[PDB]
Each structure stands twice: as C-alpha cells, then as structure tokens.
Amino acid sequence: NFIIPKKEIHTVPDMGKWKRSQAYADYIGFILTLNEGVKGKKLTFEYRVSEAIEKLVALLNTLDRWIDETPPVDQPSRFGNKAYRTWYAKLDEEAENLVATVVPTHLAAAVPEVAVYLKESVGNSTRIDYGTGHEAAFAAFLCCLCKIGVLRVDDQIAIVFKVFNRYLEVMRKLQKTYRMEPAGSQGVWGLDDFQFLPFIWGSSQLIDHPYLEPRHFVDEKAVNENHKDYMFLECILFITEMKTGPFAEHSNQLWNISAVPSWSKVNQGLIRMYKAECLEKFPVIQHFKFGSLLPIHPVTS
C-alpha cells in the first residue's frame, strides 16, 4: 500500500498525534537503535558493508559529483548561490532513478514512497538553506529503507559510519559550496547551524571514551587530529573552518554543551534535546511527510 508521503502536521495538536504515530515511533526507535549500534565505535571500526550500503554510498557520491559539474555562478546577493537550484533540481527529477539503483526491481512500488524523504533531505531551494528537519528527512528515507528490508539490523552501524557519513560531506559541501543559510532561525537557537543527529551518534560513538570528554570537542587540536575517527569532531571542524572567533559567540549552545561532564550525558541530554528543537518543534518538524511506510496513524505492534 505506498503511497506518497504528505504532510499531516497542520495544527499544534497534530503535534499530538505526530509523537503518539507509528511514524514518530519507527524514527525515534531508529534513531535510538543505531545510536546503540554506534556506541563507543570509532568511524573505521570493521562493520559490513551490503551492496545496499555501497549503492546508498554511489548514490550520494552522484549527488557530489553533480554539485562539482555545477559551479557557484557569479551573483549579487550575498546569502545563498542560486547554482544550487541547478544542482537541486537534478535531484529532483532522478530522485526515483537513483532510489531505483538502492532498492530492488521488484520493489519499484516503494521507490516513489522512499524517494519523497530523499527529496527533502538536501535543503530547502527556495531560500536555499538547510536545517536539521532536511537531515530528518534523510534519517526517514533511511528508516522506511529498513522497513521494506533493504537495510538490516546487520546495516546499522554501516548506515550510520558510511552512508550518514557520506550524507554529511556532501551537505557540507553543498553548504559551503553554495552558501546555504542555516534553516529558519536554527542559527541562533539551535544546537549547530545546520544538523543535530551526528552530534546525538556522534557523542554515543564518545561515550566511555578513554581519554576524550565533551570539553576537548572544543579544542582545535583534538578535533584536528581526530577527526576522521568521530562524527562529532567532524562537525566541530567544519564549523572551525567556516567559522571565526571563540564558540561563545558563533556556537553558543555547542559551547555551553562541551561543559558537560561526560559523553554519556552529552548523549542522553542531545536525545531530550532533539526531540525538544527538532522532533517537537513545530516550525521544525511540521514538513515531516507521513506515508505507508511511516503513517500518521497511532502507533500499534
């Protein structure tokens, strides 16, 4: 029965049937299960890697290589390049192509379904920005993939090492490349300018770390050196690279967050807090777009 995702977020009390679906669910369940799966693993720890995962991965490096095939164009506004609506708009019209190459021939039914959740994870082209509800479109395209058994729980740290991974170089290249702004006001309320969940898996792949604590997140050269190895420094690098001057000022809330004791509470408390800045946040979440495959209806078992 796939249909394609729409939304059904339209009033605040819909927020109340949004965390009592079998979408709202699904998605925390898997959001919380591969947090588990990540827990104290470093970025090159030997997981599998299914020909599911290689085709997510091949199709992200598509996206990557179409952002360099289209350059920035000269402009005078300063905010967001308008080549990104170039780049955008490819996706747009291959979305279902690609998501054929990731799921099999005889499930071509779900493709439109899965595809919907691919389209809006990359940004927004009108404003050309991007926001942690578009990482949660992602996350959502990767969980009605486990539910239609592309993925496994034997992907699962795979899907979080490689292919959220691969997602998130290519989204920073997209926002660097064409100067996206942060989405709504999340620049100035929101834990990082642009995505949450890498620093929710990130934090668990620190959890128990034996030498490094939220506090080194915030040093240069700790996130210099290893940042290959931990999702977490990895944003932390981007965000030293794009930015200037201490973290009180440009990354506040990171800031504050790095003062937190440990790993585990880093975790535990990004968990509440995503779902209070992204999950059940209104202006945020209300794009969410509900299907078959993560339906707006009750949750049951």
Second form
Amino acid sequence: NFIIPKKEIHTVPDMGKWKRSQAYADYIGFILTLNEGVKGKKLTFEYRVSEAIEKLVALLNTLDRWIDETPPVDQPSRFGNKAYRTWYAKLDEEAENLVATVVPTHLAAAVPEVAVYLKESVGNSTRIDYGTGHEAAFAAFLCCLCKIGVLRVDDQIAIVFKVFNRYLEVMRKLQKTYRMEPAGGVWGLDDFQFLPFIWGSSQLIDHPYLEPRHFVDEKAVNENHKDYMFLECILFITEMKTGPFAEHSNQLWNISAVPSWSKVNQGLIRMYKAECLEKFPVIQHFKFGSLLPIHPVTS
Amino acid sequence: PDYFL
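The block above covers the form deposited without its partner chain; next, return the form deposited with its partner chain bound.
After this comes the whole thing, all chains and molecules, with the earlier chain placed first.
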C-alpha cells in the first residue's frame, strides 16, 4: 500500500508531530547508520558495488547530461539562471522513468512514491535555490530504497561513498552552472549542504595525522580531498568564496578549533538536529507517504 | 556557537 508522499507540517505547532513521527525516527536512524558505516574509511575504500548502486549512479549521470544539454541563458537577473526551470521540467517529467530503472519490476507500485523524493532532491524551480531540505530529500529517497529492499545492508557504504558522493558532484554543477541561491547567517554551516560534513567527519575519526584544525589549511585540503568528503566540501567553499576563511565561513572556522574529529562528528549531529531537522522553514516542505509516514513512531 | 561542548 504505497502512498504518494505529501506535506504534513503546515504550521509551527506541527513541529511536535514531526519530532514524534515514524518518519523522523527512521530518517535520523538512517543518517546515523550510514554515519557509523563510513567511520574511519577513505573514499577509496574497496566496497561492494551492487546493480542498484550502478543504476543510481547512471541515474545521476543522466541528470548530469541534462545539465550539459541545457546551458545557462543570457538574462538580466544576477541571481538564479532561468535555464534551471528548463532542466527541472525535464527531471519532473522523467523522475518516475528514472526511478523505474533502479527499482525491480515487481516493486513497480513503489516507483511513484519513491520518485517524489527524487523530485524534491534537486532544488526549487520557482526560487532557483537549493538548501539542506533538498539534500534531506535525497537521503529520504535513498532511505526509501533501503526500506523496500532495493538497497541492502551491504550497500550502505556505497550509498555514501559512491551514490551520495556523485550526487554532491551533480548538485555542485547545478549550483555553479545555474547560479543557484542558498535556500536558507553568521552561524550557518554551509551555503548548500550539511550531510557530507557529518559523514565526512566520521571518515576522519582517529585519522593518523589530520585534525580538524587542518581543514582550513589549503595544502592539507589539496593533498587529501580525494579521500575525504569533508575536505571536498571545504575545497568547494574555498573555490566559491574569496578572502579569509574566518570571514566567509565563520561557523566552519570555529569548528576547526574542535580538537577531535570525533567531537566534530558529535557536534555536527546535534547541529543538524537543531538547524535542519528542527527548523520549520525546512521541515514544512518534508513529504510523508507510506515509507516515511507522519504517524507517531511505533515502539 | 554552542553545539560542540
């Protein structure tokens, strides 16, 4: 009994319903499960690559190709590029077809529900913006695939190191190519993302030589970014922004003074709960169906 | 500013 996911958090008082929901419990449990899975490992870790993972990468490559086929247009506005709406319309019409390439035929009934999260994972057409809510929708998308058994426990490392990693590459391409606005202050973690800082800091726990203080060292980032998701995010920032790190990324600057990656990871998880998952402007757009339901969490 | 205590 699959259900097309719909919005359920309509006003601020509804946040209580969200925090008590099955969806919330399942979502954060998924994030933390992937977090444990990647602990201490480099991106070059030798993991299983299942058929489903390959199809998910192919899916992202299709989105990538569409960007190439949909160049920015000349326009007066100094914010988001209107060609994004052309790209999004293609994804909007093709999302179910794309998801059907990943989901086995006997689970075709789940495709429309799962596809909704894909449609919510790539930014907002109207505002031409992207935020942690879209990133969360992608995690939700992957969570749904685990729930219906398309992705298995053995795929959890590949989910982060291969699929989510590729997703971030495509999102960065969207953000740069279409000049997308951040959807969301001096204490904001990042313009666009959050999850890669959590899973990335997990990779670096008990690292033999890299400490959090090293991520504001351009040399350290340049020499190590290929192995570490956290450092790849920093590299993106230092390419997108000018001047002293403390000026353009104050929250991350202060995080570099945390003595251990272990505490960075713990703190980022607390920040994620408070600044993403308990933030009404983000959660109001979360969609709930059968796989991630709004009903109170079961015991 | 206080998530890392």
